[PDB]
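Novice: Assemble the complex: chain A is given as a structure, and chains B, C, D, E, F, G, H, I and J must be docked to it using the hints.
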Amino acid sequence: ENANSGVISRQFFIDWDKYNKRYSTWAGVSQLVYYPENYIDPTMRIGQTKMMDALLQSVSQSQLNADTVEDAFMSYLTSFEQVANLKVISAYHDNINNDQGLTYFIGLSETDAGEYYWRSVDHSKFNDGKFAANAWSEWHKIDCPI
Amino acid sequence: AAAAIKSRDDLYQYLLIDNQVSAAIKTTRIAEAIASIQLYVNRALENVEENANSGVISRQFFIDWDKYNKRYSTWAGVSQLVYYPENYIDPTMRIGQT
Amino acid sequence: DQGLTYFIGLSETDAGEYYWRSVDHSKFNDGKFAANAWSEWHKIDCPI
Amino acid sequence: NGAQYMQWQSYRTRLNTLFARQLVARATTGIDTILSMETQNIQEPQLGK
Amino acid sequence: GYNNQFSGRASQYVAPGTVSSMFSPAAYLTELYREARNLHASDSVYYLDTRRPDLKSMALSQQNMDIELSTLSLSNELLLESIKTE
Amino acid sequence: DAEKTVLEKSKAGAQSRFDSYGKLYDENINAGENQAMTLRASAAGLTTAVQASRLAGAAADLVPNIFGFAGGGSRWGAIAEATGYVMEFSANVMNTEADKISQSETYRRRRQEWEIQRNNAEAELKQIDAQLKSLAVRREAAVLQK
Amino acid sequence: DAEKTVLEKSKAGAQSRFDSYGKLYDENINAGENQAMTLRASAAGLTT
Amino acid sequence: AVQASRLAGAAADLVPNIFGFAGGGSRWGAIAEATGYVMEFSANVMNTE
Amino acid sequence: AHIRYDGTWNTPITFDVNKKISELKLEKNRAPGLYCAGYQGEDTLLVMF
Amino acid sequence: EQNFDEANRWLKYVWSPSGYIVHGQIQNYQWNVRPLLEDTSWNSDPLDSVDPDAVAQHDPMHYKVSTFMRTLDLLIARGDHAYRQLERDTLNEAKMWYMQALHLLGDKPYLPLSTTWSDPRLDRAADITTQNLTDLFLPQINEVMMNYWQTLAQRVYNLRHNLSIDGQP
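Residue numbers (PDB author numbering), protein chains in the order written: chain A, 1006 to 1151; chain B, 957 to 1054; chain C, 1104 to 1151; chain D, 1591 to 1639; chain E, 91 to 176; chain F, 2079 to 2224; chain G, 2079 to 2126; chain H, 2127 to 2175; chain I, 1201 to 1249; chain J, 1786 to 1917, 1944 to 1980.
Looking at chain A on its own, in the form it has when it is part of the complex:
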């Protein structure tokens, strides 16, 4: 007839269908929290950079040799070096007050017909005088011409 609406609003019943309704899913979640190494797969990872996805599908093939993997690493290092040498031009702060909000940065690669990358950082996650690593976001290529 009528479940207690306060009790239903608990996280345990929000997570019900996904994790807690089935014992195996609950055990998997609890071990994945307590034992990350079991479920860590180097092949695929959340928040993977686009050049690491270039790397995986470039190296994913039947025959792997020293020269092939060396060349794949060299292409990956080229991408990494290109995305690391870029310099910021200008920025905008998403919030009226500097304490909270996000800041969006614009950066130009060292090329003649320049490529522009936009990067966003979160000030809420910043604390204790140090920005959190997960607060920063990876640079994103801007497709339109600038």
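Hints listed in this document are in silico derivations from the structure and should not be mistaken for laboratory results. The beta-carbon is built from N, C-alpha and C at its ideal position, and this holds for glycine as well.
SDA-like cross-link-like pairs, simulated, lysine to any residue; straight-line CA separation at most 25 Å: (1) G:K2101 to F:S2098; (2) A:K1055 to J:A1839; (3) G:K2101 to J:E1786; (4) B:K962 to B:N998; (5) F:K2082 to F:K2211; (6) F:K2101 to A:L1069; (7) E:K146 to E:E167; (8) A:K1092 to A:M1056; (9) B:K962 to J:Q1961; (10) B:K962 to E:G91; (11) C:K1146 to C:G1106.
Distance windows between CB atoms, simulated: (12) I:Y1239 to F:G2110: 50 to 56 Å; (13) A:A1140 to C:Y1122: 47 to 53 Å; (14) E:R142 to A:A1140: 47 to 53 Å.
From the derived model, a few chain F residues whose C-beta atoms are all more than 10 Å from chain C: (15) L2085; (16) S2088; (17) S2094; (18) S2098; (19) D2104; (20) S2120; (21) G2146; (22) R2153; (23) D2177; (24) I2194; (25) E2200; (26) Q2205; (27) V2215; (28) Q2223.
Specialist: This is chains B, C, D, E, F, G, H, I and J only, laid out in the frame that chain A set:
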């Protein structure tokens, strides 16, 4: 007692000789000695045993260990590939190919 | 006496192609450059 | 010195990294040197005063 | 080895599959029961303690996890004991 | 005795099937199949070269090339054209580099089918020997009947 | 008894066929086959 | 053959083609365009072959 | 322009030298003497006409 | 791809038990990655996140275990590859490969079955764990690490008893 040998596996690790092995398996004396020496070197390199001489480890022989010298077949292949290049020369693929 | 020397060469074509070649002076000895010291020419992809 | 940083009050945070510009020397001797320990100890120039 | 460098996140581990482990199905029963015991008010006929009083007195033991009793015997034991009650 | 000959004929055929399939398994990829892999993958590595070439041409195109009483003449659209060309080539390189992976996996699945065939031939060969053992018992039983 | 050995030889071959085919079924798509799917589909998203 | 054809067209394109009171008109980007076309065809020929 | 780790070439970056060449009173159709060097310690290219 | 020799060096880049030799000198450090070398013990509390990689990034002591576990996977794979070749010489390489991973794992931890856990009532276990499960249930040892000791001991059992890798004599 300076070696804290407690079990038959500890004795195998120390004496480098498998004592729990069944009598069915038969191996030549020289090959068995090679296996014992390889096990001792592997234990030393990973510093499972207390302290290997760092000068001796820095030798090329233990730099080439995992690649060539840990396995007898790899060592023989390297030594013949050095002494008998013609065997391993393949016209199809070559290093420094234009 | 030591180091490397980098050379630039132009092919006989109208819109020329430029190749860069490197040699090693350390391997040079006895008045003759070692054969393995020389490197093969490499095509330069950018326009010159 | 080439460091870009963002400042707000007492706080400064770095934006770009000169690692990839110093890495070329490490790359001249190949992969075994790229991944080495001293490579991960290339210095970042200080930011601000 | 492994223990000499990766041990010590816990003071006392336990074996896979034992009753005392935080991933055991007993731990899942307890965690689930804590949240379930409140979905209805006490006075409601649908209250879990009213609906299944013997469950609230259930012992948590390796015995209750290992012994694969027949379910129909447990349904008979429950109906029989409530009939012997009423 | 003639039945024995029949069984040894069946054994020689099973052996020819087993060793031929093993010869297909150990050398799963020959010098031609992997040559195609190297050639196909080499096409995937031209994306950074073409991107640099097109960006360089775009930047070199924006400078004016008519002068005198008439000025200008540069192509304001050159940057958008270069971004269009490099995006156009990106789909082609992703197709080539995916077809490389698909060919790789085709050869891997073929090799697994050679495990199915080689193991089937080995099992049939092994059961034939025991069939010969049974017929040897039967043959010397007929001798005892004699 | 020899006929029994023949039948258990036929059983081991059938088991190797059954488990090998099951190993092909449970992992129907490996890490390479779906990589091609993701790469091929990524080309479809460039039209806008 | 295509590489020679495109290089020849690039070289023949850099000469000025407007004259009078107005000068110039040649395509300074022609060499980079030809290098782009020949690189574009290279992937196609490696696929065919 | 410079080479990359994969052996491709980065886009050439233009530098305006018209003042510097006009300061060199060159003969007609004579190529200016161009001197390039890397520098020890300080990372600068010396470019001299 | 069963390119074990190249996999050993590539995995040896991040971590190598033998050590690192630079300019011919042996190096003091064991792990080549600075945030793995510096993070020497887990945080006072973990990250609560249903992503294993963010929680391992928050506590890179976990990445050390992931590397150790891929080293054991490589060693076992090389042992099994030697084992599936049945000649006498190769089976001793299979043994030395497994022994190499065996001393890396080290002493399997003893876990007493007799414990302080009191067979509590569900009512009481629930009331106890209702605050704010570790109040009453203990953490178990990683079943995957336990499984490495089980598969290595069983494989060496076959190498010692002249079986094959599947137990077939």
